[PDB]
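Assemble chains C and B onto chain A, guided by the hints.
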Amino acid sequence: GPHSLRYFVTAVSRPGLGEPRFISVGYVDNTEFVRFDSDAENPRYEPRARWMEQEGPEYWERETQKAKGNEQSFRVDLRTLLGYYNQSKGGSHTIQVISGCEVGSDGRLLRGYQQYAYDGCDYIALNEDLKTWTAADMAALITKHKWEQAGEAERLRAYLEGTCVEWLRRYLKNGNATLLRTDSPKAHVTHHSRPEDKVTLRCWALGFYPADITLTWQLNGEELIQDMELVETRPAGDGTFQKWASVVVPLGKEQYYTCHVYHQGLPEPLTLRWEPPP
Amino acid sequence: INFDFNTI
Amino acid sequence: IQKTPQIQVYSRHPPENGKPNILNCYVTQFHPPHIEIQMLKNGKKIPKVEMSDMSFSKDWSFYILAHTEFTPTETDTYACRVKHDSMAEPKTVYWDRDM
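Chains as they are written, first to last, in the entry's author numbering: chain A, 1 to 278; chain C, 1 to 8; chain B, 1 to 99.
For the record, the hints were derived by calculation from the structure and aren't laboratory data.
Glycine included, C-beta positions come from ideal geometry on N, C-alpha and C.
One or more of the hints may lead you astray.
To be verified - To be clear about the criterion: a stretch of chain B counts as covered by chain A if any three or more of its residues have a C-beta under 8 Å from a C-beta of chain A, and this derived list gives those stretches:
hint : stretch
1    : 1–12
2    : 25–35
3    : 45–57
4    : 61–68
Stated by the list, open to error - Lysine-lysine pairs mimicking DSBU-like chemistry, simulated, CA-CA at most 30 Å apart:
hint : chain 1 : residue 1 : chain 2 : residue 2
5    : B       : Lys58     : A       : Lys186
6    : A       : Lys68     : A       : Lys146
7    : B       : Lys83     : A       : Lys89
8    : A       : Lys146    : B       : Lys58
9    : B       : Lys58     : B       : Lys83
10   : B       : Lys19     : A       : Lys131
11   : B       : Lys58     : B       : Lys91
12   : A       : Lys186    : B       : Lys45
13   : A       : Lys144    : A       : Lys131
14   : A       : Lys173    : B       : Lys58
15   : B       : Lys19     : A       : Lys144
16   : A       : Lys186    : A       : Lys253
17   : B       : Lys58     : B       : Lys3
18   : B       : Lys19     : B       : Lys58
19   : A       : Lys89     : B       : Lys41
20   : A       : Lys89     : B       : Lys58
21   : A       : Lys68     : B       : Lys58
22   : B       : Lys41     : B       : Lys91
23   : B       : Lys58     : A       : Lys66
24   : A       : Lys146    : A       : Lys131
25   : B       : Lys3      : A       : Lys144
Pulled out of the complex, with its shape left as it was, chain A reads as follows:
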């Protein structure tokens, strides 16, 4: 299937608290593999996956220097944006970028990214044509014109279609065996009291990876897509994820309900019911 190399980059200004904090994080197929943080004792791009450890010293030097250059650009961007939005020099502000490429099974580029946000809102983004820009407001129109006047889309296009794709291929070769990790959910139902003649049945899915999962409750063939409570999928902290979905049912009718768990690691979706303790 498809793959992606994306860098998620942030600077946060701290007037009277020092220089802006700059963090740059790389992802292969949505998995963090590199990180740079300006607040580290000695700021360097670091491996965040073991398969990256085989990249030699010159790789780390070059990319550390690139990050330091991007840090400078972001520092400048922040001062510039302060003027564009006529904001006071004393406030804290954030700039964020998502940059990179998505490639299909056949190695062709599906999508190239270059999106900017100022203070958590869209600023400017490269269009799917890889030639033009969408500016979110008046201020971003200044940048749109500047980058048109610099041919920025062409320099960016060469990176996206060339450099990004080539490096993604290399990273995938080194990381395939690790990135392919799949952990199927292990599921169970818990039983909890509700006022009067009702009980809560909670279907748990634990230990799974990737995080993508669906949990459903059925009463006699019908999916209860109205009264089911569910939590956002959440990290266990150990590389695996957790989710639950619960339903309120009549006391004594617990065996009339079934939970189903859908995951990519499951050949057949799981079916389970409340079982009272052994």
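Frame of chain A, contents of chains C and B only:
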């Protein structure tokens, strides 16, 4: 590897 | 616009009284990135609480996982208190061992 960003 | 954090407090493994576990406080959907997270046992600040590095999602909002080692008991109360500029006061979410 990342892109060398321009300034806004 | 500033985004208000969403908070989940939960254990890494199903809780069993007297057994060493890890308590998590997962905080999502906040902007700006500046955030203060405390974990509380019976209303008192817990000293060793580790924080994941901060990351952001495609909607630009930040997320982070705080965690501490703990051994649940029948009567001990745990909570996560989050202070963020999007909120007028610090938000305290209690651990429910059923959730």
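Hint check:
1. 1–12: Answer holds; 7 residues pass the 8 Å Cβ test.
2. 25–35: This one holds; 6 residues, not fewer than the three required, reach chain A with a Cβ under 8 Å.
3. 45–57: holds (count 4)
4. 61–68: holds (count 3)
5. B:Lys58 with A:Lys186: Holds. B:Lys58 to A:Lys186 sits at ~29 Å (cutoff 30 Å).
6. A:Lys68 with A:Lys146: holds, 23 Å
7. B:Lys83 with A:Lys89: holds, 24 Å
8. A:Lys146 with B:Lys58: holds, 25 Å
9. B:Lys58 with B:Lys83: holds, 23 Å
10. B:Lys19 with A:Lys131: With Cα atoms ~59 Å apart, B:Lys19 and A:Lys131 exceed 30 Å; violated.
11. B:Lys58 with B:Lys91: holds, 25 Å
12. A:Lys186 with B:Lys45: violated, 34 Å
13. A:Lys144 with A:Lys131: holds, 11 Å
14. A:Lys173 with B:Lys58: holds, 26 Å
15. B:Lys19 with A:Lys144: violated, 58 Å
16. A:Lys186 with A:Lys253: holds, 24 Å
17. B:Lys58 with B:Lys3: holds, 14 Å
18. B:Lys19 with B:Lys58: It is violated: about 38 Å lies between the C-alpha atoms, which goes past 30 Å.
19. A:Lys89 with B:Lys41: With Cα atoms ~40 Å apart, A:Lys89 and B:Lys41 exceed 30 Å; violated.
20. A:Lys89 with B:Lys58: This hinted pair holds, its Cα atoms lying about 28 Å apart.
21. A:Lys68 with B:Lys58: holds, 24 Å
22. B:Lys41 with B:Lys91: holds, 15 Å
23. B:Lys58 with A:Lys66: Status holds; Cα separation ~23 Å.
24. A:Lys146 with A:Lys131: Holds, at about 14 Å.
25. B:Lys3 with A:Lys144: At roughly 27 Å apart (the allowed maximum being 30 Å), A:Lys144 and B:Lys3 satisfy the hint.
The structure is inconsistent with the numbered hints 10, 12, 15, 18 and 19, although it conforms to all the rest.
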